[PDB]
Amino acid sequence: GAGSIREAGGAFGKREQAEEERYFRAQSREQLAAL
Amino acid sequence: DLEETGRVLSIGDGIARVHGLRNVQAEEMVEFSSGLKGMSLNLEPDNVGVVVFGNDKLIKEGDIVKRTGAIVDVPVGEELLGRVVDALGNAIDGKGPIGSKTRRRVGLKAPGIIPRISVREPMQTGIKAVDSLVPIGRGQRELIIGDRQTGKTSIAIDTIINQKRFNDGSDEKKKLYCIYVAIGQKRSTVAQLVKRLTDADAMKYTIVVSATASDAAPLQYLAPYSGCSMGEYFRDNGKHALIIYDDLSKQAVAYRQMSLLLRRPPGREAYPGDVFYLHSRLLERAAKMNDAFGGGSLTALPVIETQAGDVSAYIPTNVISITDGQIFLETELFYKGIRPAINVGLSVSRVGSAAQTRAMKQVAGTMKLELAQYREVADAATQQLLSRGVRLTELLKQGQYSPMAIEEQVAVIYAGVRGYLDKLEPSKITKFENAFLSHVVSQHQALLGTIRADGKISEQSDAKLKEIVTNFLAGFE
Amino acid sequence: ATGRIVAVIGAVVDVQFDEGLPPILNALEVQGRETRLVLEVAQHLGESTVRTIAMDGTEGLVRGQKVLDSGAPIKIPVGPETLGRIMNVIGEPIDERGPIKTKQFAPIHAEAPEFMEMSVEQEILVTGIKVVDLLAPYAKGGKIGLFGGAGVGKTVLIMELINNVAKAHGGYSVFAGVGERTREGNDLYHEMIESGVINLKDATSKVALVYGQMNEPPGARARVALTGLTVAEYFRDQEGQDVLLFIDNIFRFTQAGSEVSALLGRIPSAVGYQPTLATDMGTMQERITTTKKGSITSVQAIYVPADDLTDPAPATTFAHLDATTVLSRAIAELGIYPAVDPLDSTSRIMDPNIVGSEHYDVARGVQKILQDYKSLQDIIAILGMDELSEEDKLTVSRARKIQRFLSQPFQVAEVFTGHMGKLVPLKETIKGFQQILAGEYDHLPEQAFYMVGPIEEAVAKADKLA
Amino acid sequence: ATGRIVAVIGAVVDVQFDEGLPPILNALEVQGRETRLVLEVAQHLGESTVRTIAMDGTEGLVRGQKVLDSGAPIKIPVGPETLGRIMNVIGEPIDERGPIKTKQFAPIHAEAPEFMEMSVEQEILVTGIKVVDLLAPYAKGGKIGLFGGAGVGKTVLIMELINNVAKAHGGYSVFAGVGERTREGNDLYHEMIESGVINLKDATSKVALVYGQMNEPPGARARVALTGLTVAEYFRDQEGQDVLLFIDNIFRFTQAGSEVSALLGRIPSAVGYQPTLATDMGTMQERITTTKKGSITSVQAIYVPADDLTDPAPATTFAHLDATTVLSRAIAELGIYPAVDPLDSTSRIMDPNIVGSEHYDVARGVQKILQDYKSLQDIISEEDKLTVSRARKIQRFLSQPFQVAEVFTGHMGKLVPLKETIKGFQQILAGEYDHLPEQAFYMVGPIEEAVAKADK
Amino acid sequence: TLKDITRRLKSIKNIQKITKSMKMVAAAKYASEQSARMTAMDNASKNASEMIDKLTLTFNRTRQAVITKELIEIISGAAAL
Ligand SMILES: Nc1ncnc2c1ncn2[C@@H]1O[C@H](COP(=O)(O)OP(=O)(O)OP(=O)(O)O)[C@@H](O)[C@H]1O
Ligand SMILES: Nc1ncnc2c1ncn2[C@@H]1O[C@H](COP(=O)(O)OP(=O)(O)O)[C@@H](O)[C@H]1O
Ligand SMILES: [Mg+2]
Ligand SMILES: [Mg+2]
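Here the protein sequences come in this chain order: J, B, F, E and G. Its first residue numbered 11, the first sequence is counted upward by one per residue in the authors' numbering. With the authors' numbering applied, the second sequence covers 24 to 401, 411 to 509. Its first residue numbered 12, the third sequence is counted upward by one per residue in the authors' numbering. With the authors' numbering applied, the fourth sequence covers 12 to 391, 400 to 475. With the authors' numbering applied, the fifth sequence covers 2 to 32, 223 to 272.
By construction, these hints were calculated from the structure, which means they are not laboratory data. All clues stand as given, with none of them false.
No farther apart than 30 Å at their CA atoms in a straight line, the calculated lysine-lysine pairs in the BS3-like style are these:
#1 G:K30 x E:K404
#2 F:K404 x G:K21
#3 G:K237 x B:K359
#4 B:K429 x B:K384
#5 G:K18 x F:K385
#6 F:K385 x J:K24
#7 F:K404 x G:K18
#8 B:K455 x F:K475
#9 B:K80 x E:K304
#10 E:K379 x B:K455
#11 F:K385 x G:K14
#12 G:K14 x B:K359
#13 F:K379 x G:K245
#14 F:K433 x F:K385
#15 E:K385 x G:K14
#16 B:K463 x E:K438
#17 B:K498 x B:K460
#18 B:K132 x F:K77
Given these sequences and hints, build the entire structure.
Have a look at this one:
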């Protein structure tokens, strides 16, 4: 049952997605500035 | 002569197709050549479908079916007290035949609106938790619902044994004749139950109707109605009866077997559409009559077994919709030693409050409120609520086969609710309860007799109670 | 016309006619019975045989027994003479007070009112119940439905509504007890006698009672709702009166139809129900309506089997109602009574142009905060309360205060709760909930809002706890 | 009465009789076959036709082939001559050791004992196994659910129960292989031969075997439990013994009944089980009881479908169970044998009014200390270390060497009486052996053997 | 619906395993905030186990209902021929 927290689309699957996008939108801004 | 006599066409699936019997009535008892009896279920243009009350092994194609001319009825009367009968009224205790003078149809409709009156007088179970928090009145239908092995039959047996203190006295008003209907139980369990009632001398006012697990499904279907007719006898002749259906889950399973073998459309959990009517027409017959109809009553304590505590299932919710309240028994409590494992937040008695005596009311209103607070909390005040609630929950525990008189319960709950037990530690509550109860029984029969005759606690009796409990708590471990 | 019984299977009886086959829905009288056994023609089977549904027990019926055709459907007495009386499914008196001497009789099977008779006016009906008046208000002349499983408070709520609306009502009232407890009918009868709404001595009675209860065979349970309908329809049409019709329980109509459909020879539908569930329900429900000849405010308790709202019977009833009060067992286990689910109860007059922008905004804000709490429930359950924002904690606290303040003590519930009942005006409800939503009571504990009337009683209870 | 086949649809055969229709549950004999084919009457269809279920395969059956009425239900040889033998559902030997030469035969369909033949108070059946007798005792004439399958010593416990009831009570055993794998049936036969429970050379055999294989039609698998129960009924009613009856498996008995009911065209109930599930289970289980002559105690292996205990088959079986023995692999990998889980095994007669206050209190104390020790393990104080020590010693002292394992392990087997068990655990709980090492209790009988092992 | 219940069971089983591992990791790193995290993850695992038990009951109930419903559909289709 891997990735079954996000696949169930609950309050935890939305919390996970919000984290991945927040962390990687900050990384992409820090990676495009240098780029 | 194919008008009062037929020949079996087919047999199997518990239904015998009979050719002939042209003058047979619907729902009439027929008699097979083997000695078995049946009921005319389907009158059809070319045959009669007969529900066999017994094993299909005994009925062959070509056997003769004679009609008895009577719609299905059972022997009723006082002559059944102390006897163990099967679903048809035949004695299975080997004590000879029943000498009954009266028979009564098993499918009679419950009384109407006018013959009834509100439930007013108490049905004492002798169980502190029931008699104080979930009081039952005469004429009520109170459901005992819970998982397997949670103590339901024990509640019923304690009630039956408790009725001895009233059935031995001279108050004919306050007597209660009991009927125990075993449906789908083990036969050895019913034998041990009948011995428990014989030891406690509770059989002389009890009828036991036995349709056990090896009996054909039509017998387990018929047993509750036979027992209810035996009770309606008392209800209609000015007396009071209590009937336990143990349990209606297995009766619904027997009826589902019969219905699926008749190829009827299954519904929720493969149950037929009329599985609600099956129990509703039965539990409606438990009624309190007004005085123009004799003033008698019939109280029903149906039992229902849930699966993993699910009380929102089909049959549990049906019976909850039929009855006047329920006594929930939880497994999580029963394992923790809280016995009777009565859930007080979920059990209710809709019409029993008006039946509770005044003394029990005086102590039980306070007990119920304190328990509600203890539930709603679990500093320096909430800690006192928790302590009082814990002491009360140990005060509600009780043993088996030892029901208590109402005055003794009043004394114990009094000691609990005024706050004397707040000194002791919880593990000593049962010790104090038993010792104090023995003390009050031995040296204070006058105060208990006054409370019992008065039905309430006068300020005189309240003062005497405070004195006795302070002295005992002073001189106690 | 006279026929003879050829088959008896439960409540279903086949009758074969030599001459004069009776129409469908005609009432037939069985000869040779102690009491009146009425058969209602349901189907024409062919070969001059009809299939009927018995309105009473069929025990003792013999094949070949004679049956007379009445020439018309079941006709009950209608009029002002039925007020204060109790009649059964076939219009016979069951209160031991003699014959109901009306001057007309109406068949219990009638056509629904046409499209050009419908009435569109939607004035509110204040009930004094905070959750009902706030979130799903009832309308005068509308159809109210109270959904709920076993033991959640449909009868308590409908008795509270009888107490809060029917006594204050200016017109007549009809209570149809359909497949419920007989002792509840006895209780209602005697309560109405003491409260004066039924008068046994003169003609000032304001309620007519029709009872076919759960001890009745399925034919009586299937037609007693129609009998009550007929009484209410007479009051609405020939009197032009405003009528109050209480039906408890209307699910038993469908359940009895299912029980007889088993034997009428029909292929079962979903969950074993009759294939005609929706059209039977529609034929019955369309007669319970306000026309432009008179008004019928209708309150119906709908049983929900095994707490499944998706069951065909409640799911079909949902479309026939203007206001639905959905009681929840989960809410009843939290001690909140009435157990109304605030995010499952709806009303059609919950419209700013009908209830005003203040009422509408307060209701919508309450529902918003309750939905937000429900969304947070999982995180609150696993990761505890402390892993939330401060705004989420504020939302949770306000939502819990609002949950408590939606509860209310009823006057019919005093006997087993001890708290005196409360009848909260609509102004006080809107004000209290506006104030809680504003935060004016974020300092009081949530347990102060539990089981109170107006918000002033909430602040008094808070002052008495501290 | 002679009939003729009118229809063959799978394992269902319709037989028409031109005179003397046989009652229901009668066995019929199909004529002209190289192996015995038996049909059991299920229904009377009308027009002198009965519908039957076959006990063997129906291939090669011809419409019109003659069928003989036996005149009774399936009759099997019952007697002491069935001990050590294997018979199938219709009572013929399947071990190739010759005919079973009993003097009488009994029909496999019988009514349960009447009401007045029942024992009115429950007594304990002492097995000589410490953990069973103490924590989850067996009742005479009761039904015991045996949980746990392979790798937990189920067969060793079965054979030890056979041996111990033969020694302590003098009562024989019957093993019914309901839906048995033929490989595991051969394995069981040979483990019983090597442990002395079955003796192929003299009449000292202690168990009778009845095998209904997995490759037999559902009727045979639905009646093999009745065949075994009939052998046990003989041993109880004619010799007044306390008989053991093993039903492995009971879920397969339910499954075969469901398959037979589906073959007969009956509408399935909830989850697909026969509509007669409770009554089939009841008519079987009610014959397992204590009468005035003797008793039949039944150990029954429970399989739970989908680990769902509310499934209709377990839920119907659990209504008859008086006890429960859970064989846990977490106990076996821990080194304890028998691998009985002492906290999950239950009993209905673990009640002071039945087993006595002393027994109840010792058992309760043992269970409470074991639960406390599980709690303390979960966190790994002052006396909690002493609770840990006493609970380790109790865990070890629940073990026991079996006699049926003597040839393989070398250790002598121990049949501990009830009083010695009660007092040994009572003494360990009081602290009378807080000095002895914890491995002085591992694999011993009475507590005296523990102190004797502590000496060395 | 059976698939919704299976999704939720799988999700909460994963949450329970993760919080148990986090409790062990905090128990190692604690050998005042580490103690709080250890107890908090212990409580989260306990609550997740209770939700898992209730959902397993609901799942078994729903799968029994689904089997019964499909059987009834097949039976009613066969009885109409
Ligand atoms: N108040 C009690 N105090 C102590 N023990 C009790 C109490 N009630 C029941 N027990 C014990 O729990 C056991 C099970 O109780 P009981 O048989 O009455 O409940 P049940 O629900 O009817 O069980 P079943 O499902 O087999 O019918 C009893 O044998 C009894 O030993
Ligand atoms: N408004 C209420 N306040 C307190 N308790 C209530 C209320 N409504 C219902 N209950 C509880 O539910 C019980 C039965 O409710 P009931 O009116 O019989 O509903 P139903 O007809 O659906 O079974 C009551 O006896 C009471 O315990
Ligand atoms: Mg019981
Ligand atoms: Mg109701």
